[PDB]
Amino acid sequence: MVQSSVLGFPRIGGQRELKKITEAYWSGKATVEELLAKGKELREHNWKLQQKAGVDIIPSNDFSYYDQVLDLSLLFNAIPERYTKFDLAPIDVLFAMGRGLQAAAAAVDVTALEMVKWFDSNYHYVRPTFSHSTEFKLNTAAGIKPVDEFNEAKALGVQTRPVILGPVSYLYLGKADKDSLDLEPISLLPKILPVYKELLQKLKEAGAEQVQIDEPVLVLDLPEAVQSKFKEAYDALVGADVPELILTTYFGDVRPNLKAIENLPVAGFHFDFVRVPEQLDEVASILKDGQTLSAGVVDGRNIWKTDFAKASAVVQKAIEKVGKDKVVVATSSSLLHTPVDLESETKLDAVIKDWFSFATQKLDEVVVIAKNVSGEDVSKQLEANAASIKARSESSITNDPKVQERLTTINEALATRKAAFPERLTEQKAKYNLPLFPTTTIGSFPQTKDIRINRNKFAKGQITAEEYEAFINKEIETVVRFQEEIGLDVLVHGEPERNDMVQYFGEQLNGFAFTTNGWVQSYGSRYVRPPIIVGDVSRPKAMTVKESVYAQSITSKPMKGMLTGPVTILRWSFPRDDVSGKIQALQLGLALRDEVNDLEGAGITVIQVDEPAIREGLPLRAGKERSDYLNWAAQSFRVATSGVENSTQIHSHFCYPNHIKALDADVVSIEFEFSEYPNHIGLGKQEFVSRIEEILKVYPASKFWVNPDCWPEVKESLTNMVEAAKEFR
């Protein structure tokens, strides 16, 4: 009776097949034919998996060799002229856009299109780019992806629902190209509607009866002039000659945009009741006679096992309002942002595994929930599920009384430096006596061939800690000696002991679990395997002190300790879903406070704390949630960094402003306003010298450090920088 639905399935493969075959193709090791054979195999496997689980509404076109938004750009001929001058087949035009193109001499080095954050997910899309000259149209000669894949699935005996990003969202998330600065993308709506129409017309003839059309911009703050465009677009698209359209939203709250969609001729809507279950009543209220409501109640972005009782109760609210006949049980968003299969995990204890569901398992969840609300007896599954949920919430690996107690101690003084910056500056001039325009590295340096080899061997115990530790210290002695020669003032250690910004800390923190196979696509063939926060976080012992202490001992110049901030660790992990993001951040703040304190205590008194994920976690609409976030994000950072003496310098580096103000960092390295920065900033060979003079027309030279942008040309690059910083001294 009540149907289940999946908005998208991760395409990388249980064994990361997609990464393997696409990188083989790019490196000339595989043929386009072999590339295509593997894609087909991947799609077929994932379709049969969903059919076998019992899912009624199974997506097609959710597959991609790189990015789904990029696929549409290829499909609609939104292809900048520069990619078309190389005799590349359509699929290679596609990759040229996704990952750039290099060609021998002229001597072309064509940059890939811009990579962008997909809302507040940890996915990145390829920016649709337009010009006044853009001629929107379909290219049947390149094959029509959505039509071909729908047909592929049909031939397998699997009816699917094609998925495509809608016209308003597509344009609105695009940008004007270099030669059309004045162009506002949404203004192209009249040119692209006909092409969507033709595409839908072609999908109907193929025999597609419904199409999932994604309009996620509805969860953003939309200007009134953009809100009006939904009525326009959909009046144009809907008709007898096209599939029924399910207008689909996720990751947030559509209520502010409600009037924009309350009179559309579409056949249904999908809403995210995982992120905003509280919008249910109002969105249900505008549903027309003969519009269906797809209730997103299985998290598409996190790995926790769904509470079947609670998720069924949400769906039952929709039914009570609109009728069992008009409600569908759905994943909150595409499962793109979830790992493929929990069953691939070899190391997780069975107790903890019992708390998770990855994409494969979420298939079974939407099915059980749908059966449950239809009245089918699934008492067995509901009981097992209830047992699992009860078991998690009663665990201890989750609740650490010492951490709880410490949270109660958080207050203003705990999040505040012992003195305001002006007083701190004086104690720091007295201790460090750095010259004007001090120079400093911002991050790590190129990795040695042997670093990788020796690490793998130390992991197999093939070498002793002392052998490995001596290998690291050599890598450090190298990096340290280099910098001294270039004549930098404040050094880094090169971080050779580190593999990544977040797992390096997570592994050394309580409250974390890690997967062996929990891969999620981040961008193109680049995947991430995020740590899972499973409980109260604390930090048993020093995490980075030993290497920093060693690096500092071989030089008389100040050595920077190097850390990742609480919010970035939280944002780049799978978070707990039983406690607030804020509480996890503050626990991380306290754990990092001990680390900062241990560094200082060991004589490392210049400490850089980086928070690259601030903007990525910014709540999607202005308002209370956003302003709280900014407050607690900054508060978390200050809790980690405010235990130090006035003479200890807190640095923080950003890759390119309200949040930054509230951090009270002694030095903010910025990638290049100048307003709410009352302390010191850092900046990243001719116009390099001319740039400092230009900047020294507005702000005093007393305020400026100098630093890298963000491999063996690092000798000259740094040398040139340094030599130029002295030309001002």
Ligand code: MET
The other form holds:
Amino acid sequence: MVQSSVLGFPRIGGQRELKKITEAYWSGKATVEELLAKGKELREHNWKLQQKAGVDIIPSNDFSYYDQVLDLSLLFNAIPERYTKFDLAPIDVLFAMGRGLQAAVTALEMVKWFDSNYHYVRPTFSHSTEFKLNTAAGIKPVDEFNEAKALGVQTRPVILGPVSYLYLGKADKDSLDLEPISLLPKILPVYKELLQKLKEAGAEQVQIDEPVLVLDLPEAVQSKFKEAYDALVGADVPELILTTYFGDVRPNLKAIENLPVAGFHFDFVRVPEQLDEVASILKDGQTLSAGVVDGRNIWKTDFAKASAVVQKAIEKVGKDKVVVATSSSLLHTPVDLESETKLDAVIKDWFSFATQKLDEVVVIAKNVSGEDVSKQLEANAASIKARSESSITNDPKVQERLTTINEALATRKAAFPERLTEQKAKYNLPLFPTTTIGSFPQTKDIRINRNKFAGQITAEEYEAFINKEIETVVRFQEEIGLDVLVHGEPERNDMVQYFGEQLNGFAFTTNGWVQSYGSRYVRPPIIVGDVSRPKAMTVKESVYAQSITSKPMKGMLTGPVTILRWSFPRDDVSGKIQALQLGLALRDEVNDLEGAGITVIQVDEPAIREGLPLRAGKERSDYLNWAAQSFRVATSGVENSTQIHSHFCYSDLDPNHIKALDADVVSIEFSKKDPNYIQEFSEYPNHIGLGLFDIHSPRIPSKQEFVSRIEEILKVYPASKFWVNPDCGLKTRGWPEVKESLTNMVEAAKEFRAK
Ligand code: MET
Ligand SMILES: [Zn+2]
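Output the structure of the form deposited with the named molecule bound; the preceding block shows the form solved without the named molecule.
Below, the chain from earlier opens the complete complex, with every other chain and molecule after it.
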């Protein structure tokens, strides 16, 4: 009998109860006792759901009030001094590290979890760090194991392992020379103690996550697995199941071929082809947990194919040594498809969210065990086939159009220098031209009226209000003398869904929420089939903004890679194909914008780095090519005098890739730290605006501040190539904050314009 296994369950709650309670606590409306009661109710509900579905191996310690990695830092005392000097109880030290503490001290760094859409709080270490078990704070993994046990639910605790935990951390400000992994001998005793305590509580297995094995690791890091696991394994601890996800472990196979662990988990959804080689290092007795139900997307699993993978594993190691698992934690998928009331039922048939993936791992397990689940198999096969044959999935018009992609469709009519000559004649922009990135402070009035349009006012009262906001922002920008204006984006809720809703090939949920960080959740669009654009998406509001000013107005688009990476993608065609269809769809929008008089156009690609393949090699370089190419397919059709802008949230984004876009103008976050980067673009003729000030702050920089910053840039970068702008948009800043800061930026550029 083959077991089923789930690596973690999302904890936000089917109605977002976790968000409600944590925010009500942070605001001082709910007591800490209320908060902890609601956590217990969620964990119980989630454990019963998995038990009820028949899952054999059910996780604990996967729950968190903010972030699981941060919960480990509390547990092991990786807690910087600054957070400890306030009388704060453990849970509020937690929240302080997580989100900062204001009283009449900044949060720890937020980082993407691999190429997922989740962020974790970076483990931060100093020379002074003393690892030890922090027990007056309760021992969360023990407490939560014990809680499930009193429910009648035996669970498998999940903890991030010692190499991954250190390796993903970073040295604190006061210890810039410290190599986190050099702390391994100090943290291993604390892991051991924790594993002893879990065994004593009755845990017989622990899932110990070492996802850094899917990354490119130095040799001196790969050797630490033997060291760490030799020290942890023994008769006084539970059996350990070393768990990897999101990629390929084979280049690191030498590091784990001789570990004393009880078993391994691999992700055969992202990398099925690694099966033969990873199965070959299993020793006699070790188990193999085959990750075959996707923890990061929402498609109903193909039971035939998934069962074949499991069956290849069984054939290599034996049926008693194989487990059917989710590929990763279901943290990355929404809680429950049954909450969806709007979706067309034919589409819904193609989906499974977290709750449904529970039933899927059970059916697959039973199937390879030899139970008769014929009816589930046939129902599953019929769903798979309905999707594969649907007209939604396959649009011939879109397929034809893909056949037209080439270098020439992705190249501007003439090269930058000739384009510059025509753009200078057309706009006559001054030296140190000033502009912004797009969004302005979101007037409570407008966001009220948004909520009101959603019947209490009709479309035109909606138009008129959107339009007055635009006017306000435009007039504002004229007043302070900015050179290239924006419209403020008041009509836009979300930079991805705003486009997705206007594109063929997308579906949307009402409740398909996934945790992004702390209590902040996203509801991604779903790409269900071939993407195309039936009609103008942005033209109306850009035309209006350009009609009320003689300054040039930027149109504003979200790029193709970002739409792809912030949506749930199709799992039946590649990322590249999706991004190219989206590039072609945006190409039609660019055409319409340009035809209507909108001849300065910005494309925003904040998720470009997020999709970077986790290892170096062919896949990574292919990605960078197709990512730049889909941007070029969107933007390359325009006239030479049309000025194309590209905006990037990442600093220290790959200069080669920036160059590969051949945008007329590039804006980048740079208000943070090292000058060699600016030097990277000095022979590159196209223009660049190194973002001068942190948007995420609220503090007004002086004029002289702005000035000293340029002269650092100009000692590396030519003034003829240089734009002046903020780091990103100002959606989240305050109006008086914004008015003084922009006025200041402009007057600085004007003084440089004069001098
Ligand atoms: C996060 S990049 C998106 C930029 C967008 N145009 C803004 O200014 O809000
Ligand atoms: Zn940005």
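Shifts are known only where both forms have a C-alpha. For the two forms, the rigid core is made up of the largest set of C-alpha atoms that agree within 1.5 Å on superposition. Positions refer to the first chain, counted from 1.
Task: Core superposition between the two forms, C-alpha change of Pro678 at least 2 Å - done: Yes.
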